[PDB]
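Here's a solo chain for you in structure tokens, the form deposited in one PDB entry.
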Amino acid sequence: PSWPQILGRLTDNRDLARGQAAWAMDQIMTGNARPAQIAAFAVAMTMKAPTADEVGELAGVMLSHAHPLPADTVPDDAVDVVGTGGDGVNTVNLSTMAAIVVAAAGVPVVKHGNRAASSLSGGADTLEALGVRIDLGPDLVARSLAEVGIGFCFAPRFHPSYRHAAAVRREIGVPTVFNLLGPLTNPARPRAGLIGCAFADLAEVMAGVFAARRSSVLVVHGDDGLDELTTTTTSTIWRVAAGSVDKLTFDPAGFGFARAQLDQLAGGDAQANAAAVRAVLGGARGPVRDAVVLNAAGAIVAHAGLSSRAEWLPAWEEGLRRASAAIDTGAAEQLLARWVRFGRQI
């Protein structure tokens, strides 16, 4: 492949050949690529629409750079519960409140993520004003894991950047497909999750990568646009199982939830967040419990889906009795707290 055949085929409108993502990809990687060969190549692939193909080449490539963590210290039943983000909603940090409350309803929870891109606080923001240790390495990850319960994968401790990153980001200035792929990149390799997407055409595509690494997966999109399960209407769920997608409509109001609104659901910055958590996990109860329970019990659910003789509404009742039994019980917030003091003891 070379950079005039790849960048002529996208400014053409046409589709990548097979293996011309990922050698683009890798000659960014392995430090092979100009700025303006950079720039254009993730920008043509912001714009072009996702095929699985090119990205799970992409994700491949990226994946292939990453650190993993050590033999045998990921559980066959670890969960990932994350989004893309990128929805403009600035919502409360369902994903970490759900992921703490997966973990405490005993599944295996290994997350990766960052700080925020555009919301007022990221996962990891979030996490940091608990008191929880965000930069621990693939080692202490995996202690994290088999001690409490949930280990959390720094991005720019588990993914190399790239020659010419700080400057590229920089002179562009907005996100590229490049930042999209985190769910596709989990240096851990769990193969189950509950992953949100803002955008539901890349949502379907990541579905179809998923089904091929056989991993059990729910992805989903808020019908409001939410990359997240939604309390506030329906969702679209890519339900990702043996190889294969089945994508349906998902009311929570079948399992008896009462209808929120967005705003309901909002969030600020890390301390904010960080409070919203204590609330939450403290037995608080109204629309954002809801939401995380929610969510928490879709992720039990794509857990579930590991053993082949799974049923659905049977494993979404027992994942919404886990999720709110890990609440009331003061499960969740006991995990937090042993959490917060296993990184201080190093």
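Residue numbers count along the first chain shown, from 1. The term rigid core refers to the maximal set of C-alpha atoms that superpose within 1.5 Å between the two forms. First, how it differs from the form deposited in another entry.
- Fit the rigid core and compare the CA positions between these two forms: of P175, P138, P75, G225, just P175 moves by 2 angstroms or more.
- In a rigid-core overlay of the protein, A36 has its C-alpha displaced by at least 2 Å between these two forms.
- After superposition on the rigid core, the Cα of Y162 moves by 2 Å or more between these two forms.
- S118 is among the residues whose C-alpha shifts by 2 Å or more between these two forms once the rigid core is aligned.
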Contents of the next structure:
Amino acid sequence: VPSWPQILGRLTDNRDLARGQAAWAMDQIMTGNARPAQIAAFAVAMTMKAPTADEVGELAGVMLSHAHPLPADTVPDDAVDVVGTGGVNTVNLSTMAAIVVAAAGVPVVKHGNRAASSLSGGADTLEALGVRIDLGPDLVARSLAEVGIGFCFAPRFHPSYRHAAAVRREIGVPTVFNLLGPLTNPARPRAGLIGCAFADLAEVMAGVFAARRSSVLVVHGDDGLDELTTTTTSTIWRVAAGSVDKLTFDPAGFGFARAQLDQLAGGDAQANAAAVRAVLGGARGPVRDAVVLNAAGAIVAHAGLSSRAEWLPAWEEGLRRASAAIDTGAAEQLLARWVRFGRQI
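Return one more block: the form deposited in another entry, after the form deposited in one PDB entry shown previously.
Lone chain follows.
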């Protein structure tokens, strides 16, 4: 017999939930039946108990059951996502990597929205580049077919999440809800590079992806970055065929020099947009290096769907393809093509 006092009581007593309790709670939230106080109490208690992968899979699965889908046969089977869950943040890096990956010929389907103020959301940077971010499912699918990239604006695909999003804005603090973005991409891409700023939650997310039919790299810079970093090593949870392979990754093995931490963080939408134009135009430096690193990681994830190429040669190839997509102008050109698509309605 599920109820808020029961579920909240179990969480505050530091107990993992019974199977189905997280699903019940999410469905109450998603149907407009949870009070703001109940939504907040749940988010916080779940965060402080430390969610399990089973629990997170329930939350994400319920949320997806309420989302608008893309139309039948419209997402390529091998589409990928490239995104972090936030720190500071790296929307600068994930935005540029996504364009690079798509320019390398891998279909990309991203998901997000506008942030409340000045630390750019994913959507805001694209909007500052002239990309049209709020498109219906049919137009997102056209974008994928004609441009090789699409963007699913969270408020349009997840209308029933509005009660949770309001509570999240009111309380400010990061919660378990911050983890759901990468896991509730309404295009349901089966591969991805997914960054997490916290190693304990990264393992949890990897667990959720492992229970899906997915080929993903969940990544955590050992400096706290929610992307593969160039300032030090990163932890990677490699997910494929329902299993996880956790490893320490060092980009110095591919000849990347060490950068400093104040060189990579994203800023506001305009600052991100300027940085995007510089990198896609060929400006060398630590930002480009991190973009190429994370783009290659997405490409490696994508390869995991079919290739069965081994880890090291897959990396060598993802790096060569990412670098080439920039240096040959393919990424600059793809961004311009994406902007053109939007202007043509």
